[PDB]
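Before any questions on how it binds or moves, here is one chain, the form deposited without the named molecule, in structure tokens.
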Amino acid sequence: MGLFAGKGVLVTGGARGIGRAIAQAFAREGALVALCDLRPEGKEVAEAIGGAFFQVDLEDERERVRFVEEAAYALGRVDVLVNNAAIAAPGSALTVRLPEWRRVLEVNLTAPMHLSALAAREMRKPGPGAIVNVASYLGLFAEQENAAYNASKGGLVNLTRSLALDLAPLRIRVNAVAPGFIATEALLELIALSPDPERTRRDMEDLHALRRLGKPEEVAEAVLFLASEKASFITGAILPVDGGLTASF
């Protein structure tokens, strides 16, 4: 019935973008998908693929304990966690507000650590488990006026390595993908509202060796590969999905 047939898969930020594409990809391969999101529209994504939805605020450590226990119950097992949900807070260190900074770290860095520990305790039961963290090229490099995101993704990259060492004894592999510019609704809104939308999109495309935006589907393929038993000797790895963006200037 497919590559993830009867496997329990948790996916954060599953309502839109890469998260939705990942939930869809796992369902297509016969996974029992539990997805969470702040946005209530997440309900319709889970309905559409035959999986479970949970309205969660990942900023809240109690809401995170809740999400994993209820998802494990709903699916009957946990085999894969995908930490995909992230927020940003615009500004340099000069301009960013401390409470905004602290919120971005909680969601982007603390929540993935917490959830990996919770999900790991469930993965012990059956055969092997796997965690995939969705970072960004903006974990390996910086852009202007985005300190909180750069810092949190840097942390997420080294947390991926830490979790790989610590959870190998429990037969759990942990890897990350680092996407380039992906044509999600949010990036299309940003381009659309720029002064010269076509010039903006051309400038973004030109940064990639492949001279085009990524598709959420293309990120999900990498995630499926890294969560799969085909990747049985891959742990601690940070895999760019950026059409050549980080190979040049």
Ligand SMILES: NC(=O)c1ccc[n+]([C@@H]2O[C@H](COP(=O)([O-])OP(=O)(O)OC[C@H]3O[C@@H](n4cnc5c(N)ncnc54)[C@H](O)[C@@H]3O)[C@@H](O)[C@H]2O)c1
Second form
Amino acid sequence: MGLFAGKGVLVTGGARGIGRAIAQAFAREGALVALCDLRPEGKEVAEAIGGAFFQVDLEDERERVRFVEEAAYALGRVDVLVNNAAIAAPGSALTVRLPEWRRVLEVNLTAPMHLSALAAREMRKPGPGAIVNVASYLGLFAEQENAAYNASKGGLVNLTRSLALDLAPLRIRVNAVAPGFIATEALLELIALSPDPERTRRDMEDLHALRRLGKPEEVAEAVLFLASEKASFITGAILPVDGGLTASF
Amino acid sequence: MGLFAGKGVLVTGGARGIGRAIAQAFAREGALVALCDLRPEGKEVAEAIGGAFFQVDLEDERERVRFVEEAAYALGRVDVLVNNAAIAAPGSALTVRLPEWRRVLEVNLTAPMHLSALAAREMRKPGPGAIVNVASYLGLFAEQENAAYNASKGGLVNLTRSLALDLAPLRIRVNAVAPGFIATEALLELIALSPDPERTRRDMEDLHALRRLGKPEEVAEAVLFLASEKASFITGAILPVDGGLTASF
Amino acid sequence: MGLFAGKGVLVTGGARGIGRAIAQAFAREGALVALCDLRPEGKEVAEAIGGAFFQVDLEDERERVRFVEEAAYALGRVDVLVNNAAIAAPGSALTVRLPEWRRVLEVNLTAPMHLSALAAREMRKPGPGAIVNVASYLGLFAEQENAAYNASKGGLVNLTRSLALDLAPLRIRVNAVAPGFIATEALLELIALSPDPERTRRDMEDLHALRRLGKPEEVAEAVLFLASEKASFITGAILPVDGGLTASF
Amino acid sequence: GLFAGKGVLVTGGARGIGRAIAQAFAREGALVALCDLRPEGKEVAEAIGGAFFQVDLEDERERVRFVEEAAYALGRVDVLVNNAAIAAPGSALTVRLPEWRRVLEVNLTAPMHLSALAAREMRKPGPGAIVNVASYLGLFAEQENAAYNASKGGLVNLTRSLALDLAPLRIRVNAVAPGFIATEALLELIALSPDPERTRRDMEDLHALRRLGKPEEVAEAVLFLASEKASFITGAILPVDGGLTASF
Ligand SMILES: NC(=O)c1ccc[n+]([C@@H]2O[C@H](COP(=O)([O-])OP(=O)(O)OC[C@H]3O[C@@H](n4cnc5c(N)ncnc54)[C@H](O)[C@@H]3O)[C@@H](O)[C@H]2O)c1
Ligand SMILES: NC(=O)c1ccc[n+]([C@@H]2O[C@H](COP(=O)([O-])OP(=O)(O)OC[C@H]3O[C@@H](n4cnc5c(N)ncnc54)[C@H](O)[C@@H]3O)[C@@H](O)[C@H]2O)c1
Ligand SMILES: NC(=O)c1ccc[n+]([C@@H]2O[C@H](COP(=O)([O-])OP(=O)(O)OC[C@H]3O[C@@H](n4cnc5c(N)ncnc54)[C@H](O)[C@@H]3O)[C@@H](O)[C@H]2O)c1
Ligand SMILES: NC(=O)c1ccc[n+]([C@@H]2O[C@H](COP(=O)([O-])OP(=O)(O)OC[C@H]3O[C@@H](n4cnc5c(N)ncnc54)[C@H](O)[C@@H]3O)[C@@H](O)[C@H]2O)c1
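Other form of same protein, the form deposited with the named molecule bound, not the form deposited without the named molecule:
Starting with the chain above, the whole complex follows.
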């Protein structure tokens, strides 16, 4: 069978985009996948891959406790957690409202911390565990009018290193991916509703050495690698999956 | 006469350690300094340097608004903000309590964002403005059992870049210092608590290429430089003031 | 027939350590492997894996040209180059002799550049190409008395980004691995001949979050991943394979 | 006077950032020895009360001669600035091996060698400082500039290596990573383009400050890192890039 045959894999934000691609890639490799999402259409992603769906608002700490408990019971084991779910609140420090800023911090930074602790408790039971955080090139650099996302992804990058150090004694590896521009529905919607879609997309493509957008499946492959025993000496690493975005200007 | 003659400078956490050294260094260079702190001894630091003291819980958004308003009124202008105030909550993701984690994020990451926005509104009035964030080597690396501090200083590093980008059009430069081990009362307390204080201190010294602890005044000099017109082409920089700590293992 | 079935793979320094493990991992995945080395025992590594061996001093530009020409002819195609071969010259700037410093730069930095150009010309012919540079944690940080190695691995890291940008139009991805302490014969010899072998090894292990040395095979897996189409949106990346060495102090 | 009576060696001092560095040190009371291939360096030395040495930093004998003669002329060495650098246009595919090796020799081997030579002179008085002028292109790549990218990359990690190895000699070693600075070198490149104002605007737009740097702004960062105000700063790479490397 496959790389994750009979392993329990938790994927946050699995209803679409990179999270859906991650849930599919794990299920292709024989994993029992529990995905959560705020969007109820995540039910169909779980049905199609033979996994479990949990409708969960990751802003709420009680719902995060419930998700890991119920996922663990449904799968019978937890081997991998992927912290994929994330939101943004448009605006500079000047423009963003404090409640919106705090919600971005809660979902993007506090939830991955909390879920990593909850999942880590389930990961001691069988053999070794792995966590992969989906960061962004915007955890390592800033862009205009995106303070909450930049700050939270920055925190997630150093939280990845913190978890790597603190969970090594439990035989858990913790790594992150930093995607470049990935052609998820979220990004294609933003492009589509731009004044000049073709020009916007061309300009985004041109920021990458590969001169194209990434596919969600390409981020999934990097997550699968970092979650697998092929990455047995990799922990605390931030892997750019950005087509060379962060290698030049 | 001096580098900040007649400039208004806001310093958070000015009651002792690096914040006190920063407030003194600005006053030596002719600044009108408004420092805030929870600790009442901040009153004496202000009296000694000819500045204003505000007793302020930076956890509370109303108190942050009050501090910048009252500081601005007392000084007659705001030219510089230093986000120096910070806390830690001992523990891994496994051990730290969610409310303590959120308070570290509020003080260490949300407060600098909020104060930067409030201060930036006061800085348009005169000539150019500068913000300096006191981060840490633990914004760029993790250590054991310090998840909240690691995550919040990580966020502060990328928030520095975000503010740099968003405030550049307002002629406001935003930089950070990443100190190594600095001989503040906070660090001497930690050392004093160990079974063999001198051995603990020696072990900390040995992590630095300079084989000593930093002085608070040495961090103050880097902050003064980054706040000054000598750093007119420096924005979005994280300057290590760590005696070579982060240059090797 | 495997991940590299029928692909031509060039591996420098393949006679032992990480290079040998890389040559084996590619051959296990069905590659035609041409490895080169200064050591004639590399003949046996090639015989054992069904590959070709070329005895080559990579210091000499004529021998680098000969290696790629002869490898290309023997394999019938070039799909992957691994720049694994490297030397050190003990000493600070104060202690290292200029000719020894220049030889380290020639083997560790100039050779990978030159081989990448030669290999890239062969990689146009069939489908896409990949280059993986074996850097080190000492390309991103320094250690005492190792200036030539630190400088050359530093250069190799930015050369990896340069090649990523310049070879993207030829459909060639270029990435690096930055290994931590890997238990190759070279490292075990250094430990073995140390005043207190067990203490030396323990101290090296303790620098890693995983509290052990890496295996050459663990570096090989990361190289295979970066060389493969699973890493199709990964170029210009430096991937630590260091058991969390660079994530903390 | 921050460097009153200090001996300061500046490579590539004939123009651009090197000239601005030599002027800034002299303004702060330093005895400045600058070297350059360009003879106009003589005028920069005369104007600031310093010494000029015409020196091809590619040649190891000329590097030994420069530090010896500078040391004798100044009476002491307190600071070295490795500012001199060259580029060789081309990718790995396009650059010629000899041009690649010359860029490595001038940009990476010369700073190493000069740092060792200068360090030997710095033990004599109190503490010493070295500042390397790197680039944003030591931390990132751009198209068709492999030799410059590779050499500035090496210079960044050499800065850390020297920081560790020279800390015991009480020598601090730091680097600046400038963004686009309006030196004659950059204004020449701009001037050559079909639409110089558009080329300059495009360069400006890469910086959060939406302007080119002044050579004097790099000089101020070098003065700071060379000074006792930076007494706890060693092995640091300080971007002086108007926020260039903070975003894309
Ligand atoms: N697409 C890109 O270009 C790109 C670039 C870099 C990083 N990222 C990161 O990749 C991840 C996936 O993004 P995407 O492009 O697939 O976008 P997306 O908006 O489709 O996000 C994936 C899912 O997260 C879910 N989610 C959000 N908040 C949630 C909550 N409170 N509770 C439960 N689920 C919640 C959404 O419902 C959605 O299904 C995110 O971490 C994002 O920041 C994306
Ligand atoms: N000392 C070190 O070794 C070291 C290392 C690197 C980074 N740092 C950073 O440098 C800064 C100064 O640290 P320090 O060593 O002087 O320690 P410190 O504990 O003395 O902190 C500075 C001040 O912040 C104040 N403060 C904290 N929370 C506050 C709040 N809610 N409202 C108002 N005031 C508040 C404290 O009262 C204190 O006087 C911090 O940001 C710290 O994280 C310190
Ligand atoms: N082992 C570690 O702990 C470690 C740490 C990080 C980086 N690295 C890097 O990993 C790579 C593999 O090193 P290793 O530990 O296997 O050591 P190693 O010394 O066994 O090196 C591998 C091979 O390089 C060959 N080589 C050297 N110079 C050559 C030349 N001029 N021409 C041809 N072949 C030449 C040697 O003969 C040897 O077979 C190197 O780039 C090394 O710097 C190793
Ligand atoms: N101008 C920019 O935007 C920019 C960007 C990043 C960093 N830098 C770096 O700053 C430094 C100075 O750049 P600049 O713009 O002033 O350019 P520049 O070309 O004017 O160079 C400085 C001096 O170095 C001298 N020099 C070169 N090779 C020499 C040799 N072999 N021997 C002796 N002297 C030699 C030149 O004659 C010149 O006077 C370099 O290290 C450069 O790469 C500049």
